[PDB]
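Quick heads-up: it's one chain on its own, the form deposited without the ligand, in structure tokens.
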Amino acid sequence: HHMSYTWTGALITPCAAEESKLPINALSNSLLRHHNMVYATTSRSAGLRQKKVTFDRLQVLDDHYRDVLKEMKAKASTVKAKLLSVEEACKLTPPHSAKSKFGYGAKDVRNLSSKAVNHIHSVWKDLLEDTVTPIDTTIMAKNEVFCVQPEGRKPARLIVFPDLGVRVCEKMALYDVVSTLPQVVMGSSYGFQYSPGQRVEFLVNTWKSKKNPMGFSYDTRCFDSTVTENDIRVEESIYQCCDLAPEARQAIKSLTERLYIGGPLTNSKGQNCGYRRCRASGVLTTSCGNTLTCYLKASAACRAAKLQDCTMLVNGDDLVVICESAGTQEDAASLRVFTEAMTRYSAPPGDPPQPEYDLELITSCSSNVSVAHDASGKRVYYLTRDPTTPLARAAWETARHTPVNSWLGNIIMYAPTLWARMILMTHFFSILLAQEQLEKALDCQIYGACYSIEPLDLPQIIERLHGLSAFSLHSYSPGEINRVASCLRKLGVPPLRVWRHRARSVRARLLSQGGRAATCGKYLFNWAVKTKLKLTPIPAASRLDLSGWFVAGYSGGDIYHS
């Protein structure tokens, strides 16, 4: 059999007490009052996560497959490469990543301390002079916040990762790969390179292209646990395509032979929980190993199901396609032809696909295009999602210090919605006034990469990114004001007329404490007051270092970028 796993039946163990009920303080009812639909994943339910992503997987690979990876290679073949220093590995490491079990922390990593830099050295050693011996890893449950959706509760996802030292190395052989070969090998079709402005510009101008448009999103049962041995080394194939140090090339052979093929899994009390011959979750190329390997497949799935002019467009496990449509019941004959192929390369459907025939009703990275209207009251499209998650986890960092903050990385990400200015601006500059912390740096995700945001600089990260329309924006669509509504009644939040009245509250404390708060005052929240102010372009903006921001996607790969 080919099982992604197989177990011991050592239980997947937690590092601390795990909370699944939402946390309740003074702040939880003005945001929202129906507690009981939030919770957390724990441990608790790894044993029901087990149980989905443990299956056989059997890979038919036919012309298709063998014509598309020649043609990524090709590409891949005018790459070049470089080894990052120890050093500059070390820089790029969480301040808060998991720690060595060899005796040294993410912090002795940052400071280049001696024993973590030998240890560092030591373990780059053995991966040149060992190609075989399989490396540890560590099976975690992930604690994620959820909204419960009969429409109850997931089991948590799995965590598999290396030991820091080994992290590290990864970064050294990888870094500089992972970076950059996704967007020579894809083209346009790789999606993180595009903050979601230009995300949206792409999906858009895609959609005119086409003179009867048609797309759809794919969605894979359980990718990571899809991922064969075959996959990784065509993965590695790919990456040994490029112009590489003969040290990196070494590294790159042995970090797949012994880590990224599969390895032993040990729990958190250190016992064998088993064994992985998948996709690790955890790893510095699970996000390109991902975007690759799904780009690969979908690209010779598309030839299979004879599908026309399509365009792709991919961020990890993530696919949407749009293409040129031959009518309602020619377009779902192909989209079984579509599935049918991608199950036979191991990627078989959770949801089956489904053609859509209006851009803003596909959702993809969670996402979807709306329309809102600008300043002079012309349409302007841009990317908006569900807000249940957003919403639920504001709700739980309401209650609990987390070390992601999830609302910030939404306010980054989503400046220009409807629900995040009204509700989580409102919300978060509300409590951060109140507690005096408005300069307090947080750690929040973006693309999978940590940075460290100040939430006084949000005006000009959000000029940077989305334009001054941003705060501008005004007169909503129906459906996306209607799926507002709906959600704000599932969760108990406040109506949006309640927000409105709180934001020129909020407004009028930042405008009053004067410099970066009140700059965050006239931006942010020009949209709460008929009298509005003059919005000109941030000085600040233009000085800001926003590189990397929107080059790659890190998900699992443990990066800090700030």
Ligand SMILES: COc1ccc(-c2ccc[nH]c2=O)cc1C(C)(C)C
Given for the second form:
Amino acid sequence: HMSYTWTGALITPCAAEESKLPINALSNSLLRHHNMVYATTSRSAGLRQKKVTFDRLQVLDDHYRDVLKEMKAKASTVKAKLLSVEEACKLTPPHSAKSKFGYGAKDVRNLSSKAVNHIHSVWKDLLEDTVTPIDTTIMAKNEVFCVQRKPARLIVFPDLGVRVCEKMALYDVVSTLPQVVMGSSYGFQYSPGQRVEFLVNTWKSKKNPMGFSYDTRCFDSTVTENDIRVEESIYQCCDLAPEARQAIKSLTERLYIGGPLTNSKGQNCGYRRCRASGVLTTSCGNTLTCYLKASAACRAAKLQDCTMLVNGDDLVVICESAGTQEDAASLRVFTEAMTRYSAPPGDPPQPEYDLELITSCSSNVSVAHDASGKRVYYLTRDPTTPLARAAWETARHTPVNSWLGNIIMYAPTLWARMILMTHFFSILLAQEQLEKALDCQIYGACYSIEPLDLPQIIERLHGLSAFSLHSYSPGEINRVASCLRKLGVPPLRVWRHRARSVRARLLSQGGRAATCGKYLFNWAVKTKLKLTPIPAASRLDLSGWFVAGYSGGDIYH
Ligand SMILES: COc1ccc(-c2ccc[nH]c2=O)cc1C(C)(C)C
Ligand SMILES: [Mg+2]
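Same protein, different form: I have the form deposited without the ligand, so give me the form solved in complex with the ligand.
Everything in the complex follows now, all chains and molecules, and the chain you saw is the first one.
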């Protein structure tokens, strides 16, 4: 029951890999300790190969079979539709990996003959053959981090032709089914602001609240053939077209169960017997499996009045505390049950009695004050990775602007407002790129966003409180300050000074740019302007946002 078996061939790159931080004229205004910032390359893939290769022991009890019975019952109410080639072709990101059949993502999007004719022949083969393993490509990811070096994470994905067919058969399923099965526990249905409301309300709902979070050591590699087979039966509970049932069955047996791994040089690297990281069902199947395992473990641990919040492998549990001594024991049992379900932890969970202490999605809840001085809870995180990645994005244009994603999702935070908003609006002003659409990742999906619509966007997911946040917790300010010292980032006083200029340059331009300067940079000036609800904020067509997660799913909205 090994996750992977390797022939010997190496995980080869598709190009020359840049590991050191590229420097330009704008770099030093943000970061000075360039050596601390790096990117991962195929040279450290062998380390991760060793880390992701292990044997899986799974023991399934009555708690497991009970939860699944309930899950299949809720799943039976779902009616899902098949997607047309055209619909699936428009969901493909513009820079998605090109086919080994002589066409790219842009040919797929333009609905070219070579692309559409190939998509049709792959679909026909999926309905006619349900046994032959589908070929996947194994690659080492190029991600930017700060030191204290991590080995490169792997990405396993099928051909562009298979990916369009996956969307056709399972896009509606992976988008609709998770909320029906899990209700209010599906985290991807929440905006950052709505997620806080849920956590705070849930914490307040308990007499003596206890909370903890769970992180699985290599979740994708812990996923067994049984787990993937169990996910298929959940999808098969839906009311589906006959063509969609055969395509799901086929994709399961040929792609999702496992298959061979191929490098950039066309060599067989080995065989995969766990979850593929770069398929449409990556996020859905991980959330369902984690939820099934954790719900049954919650029962095994005899945890009182549980409230789960799942998104991929990330899980948060808020319940009624039975005393510190019993609470430590309950969590030991939870861990032991999860381990038997083929999901051991990275670090053992610990009971927490303060919401600000729970860490999930590399984040935590913190307290700040709004304009009136009323306490307001918001979601934050350590700025080290966002800043290291913003530093890379200062010197090089990338397909996913992390800074933009971070400004959208962490808008109320001290670091995103003072550093990110200031630095990039200063660049967009200078380069006259204020009206240019930029791509960013939100819950694993790719979105083209206009930087001028940022104030309206921030109001819908955080409310007017985000533009008025002050008097941050001592611990948060200390975390930002230590991080700036570590990376050689100018202190927050220099950022205040720059923000007044950015604000002034923005206000001068009028229209949407003045609204940007007015709302986003009100914190910089002493003579504050009245920030009222933006009429434009309500008009925003945010349909498609916070519906589901698509990490590794190759989705574009
Ligand atoms: C499941 O929760 C998340 C997943 C991703 C991001 C995220 C953070 C930054 C950029 N893009 C993203 O999608 C943020 C969150 C919360 C916890 C802050 C809501
Ligand atoms: Mg994990």
